[PDB]
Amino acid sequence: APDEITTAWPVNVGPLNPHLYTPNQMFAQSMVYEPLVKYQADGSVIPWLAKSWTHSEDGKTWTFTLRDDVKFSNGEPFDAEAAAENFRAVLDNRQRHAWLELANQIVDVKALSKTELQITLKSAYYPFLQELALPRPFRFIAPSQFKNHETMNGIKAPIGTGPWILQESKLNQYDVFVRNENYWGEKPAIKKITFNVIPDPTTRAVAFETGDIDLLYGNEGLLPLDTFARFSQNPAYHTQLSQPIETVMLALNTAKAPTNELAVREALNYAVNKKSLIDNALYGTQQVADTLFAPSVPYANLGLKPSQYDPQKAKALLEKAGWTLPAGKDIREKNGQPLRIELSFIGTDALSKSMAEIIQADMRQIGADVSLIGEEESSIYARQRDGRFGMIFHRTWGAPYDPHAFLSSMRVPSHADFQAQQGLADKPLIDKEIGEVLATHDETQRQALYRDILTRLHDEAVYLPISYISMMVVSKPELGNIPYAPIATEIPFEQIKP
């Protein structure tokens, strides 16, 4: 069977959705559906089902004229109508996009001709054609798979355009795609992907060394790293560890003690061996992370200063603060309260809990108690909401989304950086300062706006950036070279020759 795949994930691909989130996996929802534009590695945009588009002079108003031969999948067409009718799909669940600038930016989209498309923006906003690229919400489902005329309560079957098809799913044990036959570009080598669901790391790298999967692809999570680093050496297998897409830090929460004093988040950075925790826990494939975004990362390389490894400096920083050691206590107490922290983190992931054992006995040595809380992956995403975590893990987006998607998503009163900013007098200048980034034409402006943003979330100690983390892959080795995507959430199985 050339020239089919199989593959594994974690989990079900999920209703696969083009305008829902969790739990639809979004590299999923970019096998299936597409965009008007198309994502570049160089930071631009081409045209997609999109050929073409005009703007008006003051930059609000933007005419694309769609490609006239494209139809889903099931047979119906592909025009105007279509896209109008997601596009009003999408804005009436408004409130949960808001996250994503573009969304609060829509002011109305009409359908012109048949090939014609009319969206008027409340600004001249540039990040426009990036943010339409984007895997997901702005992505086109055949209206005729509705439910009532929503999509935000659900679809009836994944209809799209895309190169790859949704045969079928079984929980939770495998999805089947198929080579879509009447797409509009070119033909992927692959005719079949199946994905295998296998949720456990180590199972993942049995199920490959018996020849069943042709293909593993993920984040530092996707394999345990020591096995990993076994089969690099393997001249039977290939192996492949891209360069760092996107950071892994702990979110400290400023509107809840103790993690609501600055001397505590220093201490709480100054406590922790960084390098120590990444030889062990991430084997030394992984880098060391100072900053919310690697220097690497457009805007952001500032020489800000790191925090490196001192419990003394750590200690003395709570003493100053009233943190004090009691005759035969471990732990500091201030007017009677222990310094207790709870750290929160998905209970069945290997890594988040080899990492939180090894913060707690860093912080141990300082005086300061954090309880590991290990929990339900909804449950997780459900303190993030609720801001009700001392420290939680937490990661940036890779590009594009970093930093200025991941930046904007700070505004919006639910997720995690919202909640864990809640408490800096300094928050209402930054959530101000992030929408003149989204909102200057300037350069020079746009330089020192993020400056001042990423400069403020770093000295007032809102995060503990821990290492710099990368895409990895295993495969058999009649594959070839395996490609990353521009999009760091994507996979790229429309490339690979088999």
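Think of the rigid core as the biggest set of C-alphas that the two forms share within 1.5 Å after superposition. Positions refer to the first chain, counted from 1. Compared with the form deposited in another entry:
Here the rigid core is superposed between the two forms, and of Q233, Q337, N280, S242 the C-alpha of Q337 is the only one to shift by 2 Å or more. Relative to the superposed core, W323 undergoes a Cα shift of 2 Å or more between the two forms. After superposition on the rigid core, the Cα of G367 moves by 2 Å or more between the two forms. Relative to the superposed core, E76 undergoes a Cα shift of 2 Å or more between the two forms.
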The other form holds:
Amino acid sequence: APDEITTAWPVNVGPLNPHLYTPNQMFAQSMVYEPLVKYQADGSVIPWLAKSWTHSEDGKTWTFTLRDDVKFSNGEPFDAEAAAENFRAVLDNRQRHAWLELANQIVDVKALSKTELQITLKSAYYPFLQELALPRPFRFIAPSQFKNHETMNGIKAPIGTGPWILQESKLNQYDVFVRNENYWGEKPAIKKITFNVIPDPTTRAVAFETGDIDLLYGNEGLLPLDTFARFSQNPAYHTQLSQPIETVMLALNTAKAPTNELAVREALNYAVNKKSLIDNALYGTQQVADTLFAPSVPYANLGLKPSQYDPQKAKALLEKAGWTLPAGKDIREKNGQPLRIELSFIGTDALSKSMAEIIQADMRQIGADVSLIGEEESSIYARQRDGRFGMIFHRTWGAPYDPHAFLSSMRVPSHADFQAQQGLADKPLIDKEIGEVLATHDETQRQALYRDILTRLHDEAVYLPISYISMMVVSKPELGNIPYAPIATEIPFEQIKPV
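The form deposited in one PDB entry done, now the form deposited in another entry:
Here you get just the chain by itself.
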């Protein structure tokens, strides 16, 4: 059976409501549900469920011409009415989509005919098409599967137009997908995909070694990185490591002592030998990051000055700010108060703990006492939401979220980035400029605004960028080369071709 594969995920795929978040898993929502326009690696979108579109003067009114040959997996038609109903269902839950500015921008969605769909916006929102292309929430479930003409209170069957259909799910055991034999587009070569629920990274590696799974595909947490490196030399196996997809960093709390001091945040940014951190904890598998966004990120090639590892400079910065060493102690003090910073992380995540131990050791060497606070996932999520941290691990979102959607979300108070930035004197100016950059028509102004926002965030040392991380693959050689999807959160199962 070379047209059936078995893979793994730490949890079940969830209900596969196209319009909700946890516990829905994005890769799976993307397997079943499809967008009007599809994101491509080059930053553009191509026609998808919409074959063409135009906008008014006045980029506020958009009219999409939809395909007329698409059916949902249950045989019901996809048309402008079905699409319009989906937009209504999403926007009936508007507050849950605040992070995504398109959700605050849509004023009206109307089916003008079976094939003409009209969307009107508040303002001329530039990233409109890219946001329609996201895994969620703007993808389409058969409206017959709404509950009481909504999706925010749940759905019936997870019926999409996509190339995969969920066959069955068993909580804490597995999820099975089958090829859609009535897909409007190209038939996948793979007919069946089974996801075994395997929460532990070493258990996932063991399941591969035993032959129990055929494919593992994910970020730096996919499997232990020492094991991945051994696998890459094993001629019985296939492995891949993509080019970097996003940044991993610390976020520093500018509203909490002692990270409220610019000098402290600058010093911390000179204290870490990132190459050593990566060679120590990540087995050399990732790239050093010195800016929030890699220079390859749209609008982010700004020539920002890196803070290279320089513990002499880190110490001098702290000294100048009045943090000095008592005899004969290693931890600096100012006004008799110790230079102590809490780093909270998920206590069961071994990679986080490994990185945190390295960070603690590096910062001790410059006289900062980092306290490691390892907690359960729920408590960490609460800390980020509410600003109850000194430092936390954080990551960017990858294409096409970076930079515009990541920046957009910095304005949302109940999230880590706003919370980390809350202490900055220029936070209001930053949030103003983020609003402006999303709305601006003037392309030179757009570049200037991105420059200013990213330059302030960099110069104010809000983050401590660590690494640009890659997607990783481990596979049975019989599966062949495994492609990557343009959207960092999607897995392109329909492009796998064992041939």
